[PDB]
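K.L.:
Below are the chains, spelled out letter by letter.
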Amino acid sequence: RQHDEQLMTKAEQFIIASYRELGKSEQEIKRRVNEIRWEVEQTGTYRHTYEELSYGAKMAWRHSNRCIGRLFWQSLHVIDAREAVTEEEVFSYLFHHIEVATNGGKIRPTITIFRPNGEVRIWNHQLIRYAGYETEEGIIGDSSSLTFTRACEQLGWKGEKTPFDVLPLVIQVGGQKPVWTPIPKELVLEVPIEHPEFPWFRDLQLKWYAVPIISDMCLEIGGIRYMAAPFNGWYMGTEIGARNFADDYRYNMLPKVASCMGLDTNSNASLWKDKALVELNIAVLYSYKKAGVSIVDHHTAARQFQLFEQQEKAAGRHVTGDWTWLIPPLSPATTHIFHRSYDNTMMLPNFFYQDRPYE
Amino acid sequence: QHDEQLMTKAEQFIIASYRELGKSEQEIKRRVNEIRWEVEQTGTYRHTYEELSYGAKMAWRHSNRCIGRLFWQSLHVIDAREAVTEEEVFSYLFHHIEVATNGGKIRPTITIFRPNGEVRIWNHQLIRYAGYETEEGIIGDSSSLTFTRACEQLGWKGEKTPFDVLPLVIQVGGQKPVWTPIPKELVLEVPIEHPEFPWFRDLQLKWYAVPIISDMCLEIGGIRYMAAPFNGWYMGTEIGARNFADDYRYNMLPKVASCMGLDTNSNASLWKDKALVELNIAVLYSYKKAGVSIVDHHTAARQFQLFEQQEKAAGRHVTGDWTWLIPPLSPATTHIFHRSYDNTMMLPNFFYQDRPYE
Ligand code: HEM
Ligand code: HEM
Ligand SMILES: NC(=[NH2+])NCCC[C@H](N)C(=O)O
Ligand SMILES: NC(=[NH2+])NCCC[C@H](N)C(=O)O
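In order, the protein sequence lines correspond to chains A and B.
With the authors' numbering, letter number 88 in the first sequence gets 97, and the count goes up by one each step, no holes.
With the authors' numbering, letter number 7 in the second sequence gets 17, and the count goes up by one each step, no holes.
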């Protein structure tokens with residue numbers, strides 16, 4: 010076999026840097042690699058400890074090239090949801106993650122591992138996410154949710170068809186296909202957009218959810234592949250205000266914003282697009298704090314990312330990254346990141362993409 | 011190895027080269043031959059007015075890092091493979107400036123020189139500001155510190171201010187870099203002032219009009235014209251987003267922010283951002299009140315997008331460098347940022363080349 014040949018290697022190099030950064034020992038490494046060789050053979054795969062997944066989870070986040078807020082990688086609250094085998098059970102850990110993660114405001118960076126190898130498989134990109142619809146004429150909702158919604162709909166689900174319908178959790182377990190569960194109206198904390206200097210900014214009837222719990226991603230650690238492992242940090246103004254809210258294909262809100270704010274859309278040379286972006290992001294950063302939701306602006310992130318670079322060197326590790334995904338989508342030339350280059354090599358553990366079942 | 015390699019490149023070139031302009035194999039076939047012998051006798055060859063012209067425009071077109079390719083085929087070329095005197099190489103440089111600056115309506119022009127380093131222009135750009143590291147402080151463009159140091163080494167001396175015009179330093183034949191200050195009359199300068207903020211012009215900032223990069227050697231048909239200056243018309247960002255904003259460049263963000271009465275005590279106030287905009291609007295406004303060609307990124311990326319269309323409808327592949335294409339401010343409001351490009355180098359193209367003073 011050549012799955013037990015590779016998997017063995019991945020495991021061996023994991024435990025090595027893993028236990029070694031933990032300041033463990035050299036004996037307990039072989040002691041552990043031993044249990045793993047014996048086990049990978051008699052059973053065909055092995056199982057981690059909760060200092061293995063725990064610290065291993067934090068290592069995957071540290072190793073995420075496309076992430077700007079890696080500073081707080083060690084402060085990750087990991088949850089062992091591996092002992093879940095029933096669809097009911099899965100669901101609860103997912104309702105919990107949301108909760109704990111939200112923390113009625115001061116959002117907690119948390120990851121919840123599940124039975125690996127695909128024994129569990131959540132479908133949603135993000136646990137909380139707005140629906141996508143394409144009606145007779147007009148694109149309603151979040152265009153980047155179309156396919157998924159059209160999959161929920163096909164499973165008996167139906168929305169109100171408003172620009173902010175909260176999609177439902179829909180997971181697949183042991184085999185078959187999926188099941189969904191509307192996600193509690195009082196579980197999804199939201200933030201209404203208001204601008205501190207333009208009162209009309211609310212007639213724009215805009216709003217966004219608090220915690221982005223990405224989940225359609227697989228988590229590899231030591232060779233084991235955790236196809237279902239939700240994780241979340243806290244949003245960055247630009248994310249909502251410079252992408253979700255300002256892109257053509259998404260909620261394309263820039264023009265209306267500009268209009269209401271008196272600028273003229275006639276000529277580009279007036280940079281109305283840009284001025285809008287500022288206010289539209291100001292509104293978001295502003296809004297969230299006012300509600301108490303944990304948020305961070307793009308300037309601070311970079312700065313904290315810079316601290317991450319300093320810290321990582323003081324530890325001896327070199328830093329890996331992805332420039333195309335680090336530069337904040339707004340005034341990116343005002344962050345050190347932009348004036349330097351990064352090595353996009355992926356070091357395990359890391360997070361990866363995976364084919365979407367609904368496509 | 012070296013001379014056979016040349017024919018390989020030289021052929022690959024006349025083919026596609028002749029293809030497009032719309033002529034006929036009977037020639038590519040026949041004039042690709044005299045280049046086989048002329049390389050067996052001397053050791054290279056010489057282009058035709060028709061060849062390096064288009065072939066230069068091809069290079070532009072092949073610029074993976076240029077958002078201004080919608081006008082590749084309107085590049086005013088300028089032959090000068092017949093200059094061999096330092097005094098000559100200078101007046102041509104002076105020409106490029108005048109013709110290009112065109113009293114304002116900037117003309118996209120290039121000037122090809124004798125190849126294989128018989129001519130070497132040292133300056134990054136013909137018109138560019140000097141840089142100094144003074145005891146306490148740094149003056150000018152931190153970017154041209156090193157080069158300037160060189161100019162002073164050759165006897166040049168600057169009034170040590172934020173906007174001194176560097177001198178044109180060229181090398182010819184083989185040695186002794188000579189320099190000669192540019193006629194003040196030839197450097198057109200735009201004063202940055204704000205359409206709404208009357209107190210902006212008080213920051214006493216200015217900038218030249220023509221970015222004539224001059225230290226890249228544009229290969230074409232295996233011929234390295236170490237010297238071959240080219241330009242276009244600025245894009246607001248280049249000036250009010252980089253040159254004037256980076257903390258190492260003119261670090262102008264905080265003062266404009268201050269002068270424009272914002273709060274520079276917190277980033278969650280996006281004070282740098284509001285400032286970037288107003289500084290950029292400040293440029294575009296100014297350059298226009300002077301009558302100098304200049305494009306904004308929204309309009310620019312738009313055009314690049316047209317260049318994309320026209321490249322495909324004409325059955326060509328578009329190659330680019332996303333990281334260089336996306337503008338420094340509001341990159342996610344341009345089609346660019348949202349798609350992927352092919353950073354493959356199609357020659358003829360412009361390249362980098364070691365700085366004789368470092
Ligand atoms: C502390 C709050 C956090 C901040 C400020 C932060 C910020 C960011 C930002 C701005 C991006 C780019 C998002 C986009 O362009 O769509 C990103 C991507 C990413 N983040 Fe972080 N993050 C945080 C926490 C986390 C946590 C807890 C994990 C992992 C346990 C994580 C894993 C990732 C991954 C894997 C990506 C890539 C997304 C993809 O490939 O689609 N982040 N993060
Ligand atoms: C129509 C006006 C033009 C515009 C708007 C334009 C704009 C740009 C911009 C904004 C950059 C990035 C500059 C930087 O970040 O330093 C660039 C780079 C470049 N462009 Fe253009 N361009 C124009 C004309 C030309 C012409 C006439 C040529 C060639 C014949 C050319 C050759 C290139 C090259 C080779 C680079 C790379 C410079 C480097 O690597 O430092 N451009 N251009
Ligand atoms: N700060 C984060 N954890 N971001 C995760 C990705 C969220 C995604 N960009 C969104 O707007 O939904
Ligand atoms: N539009 C151009 N051709 N620019 C050439 C590079 C000029 C450089 N960005 C500068 O600001 O001086």
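Errors might be hidden in some of the hints.
[Claimed, not checked] To spell it out: a stretch of chain A is covered by chain B in this simulated footprint if at least three of its residues, at any positions, have a beta carbon under 8 Å from a beta carbon of chain B; those stretches are:
no., stretch
1, 220–230
2, 301–311
[To be verified] Some chain B residues judged to face chain A by a derived CB distance under 7 Å, without partners named:
no., residue
3, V328
4, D331
5, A342
It should be emphasised that the hints constitute simulated quantities derived from the structure, not laboratory data.
Idealized CB from N, CA, C, for every residue including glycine.
K.L.:
Taking the hints in turn, state whether each one holds.
P.N.:
Results for each hint:
Proximity of the stretch 220–230 of chain A to chain B, defined as three or more residues with a beta carbon under 8 Å from a beta carbon of that chain, is not established by the 0 residues found. By the rule of at least three residues with a Cβ nearer than 8 Å to a Cβ of chain B, the coverage given for the stretch 301–311 of chain A holds, with 3 such residues. Annotation: interface hint on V328 of chain B violated; nearest CB of chain A at approximately 18 Å, more than 7 Å. Contact between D331 of chain B and chain A, as hinted, is not supported at the beta carbon level, the nearest pair being about 11 Å apart and thus beyond 7 Å.
Residue-level restraint check for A342 of chain B holds (minimum Cβ-Cβ distance to chain A is 4 Å; threshold 7 Å).
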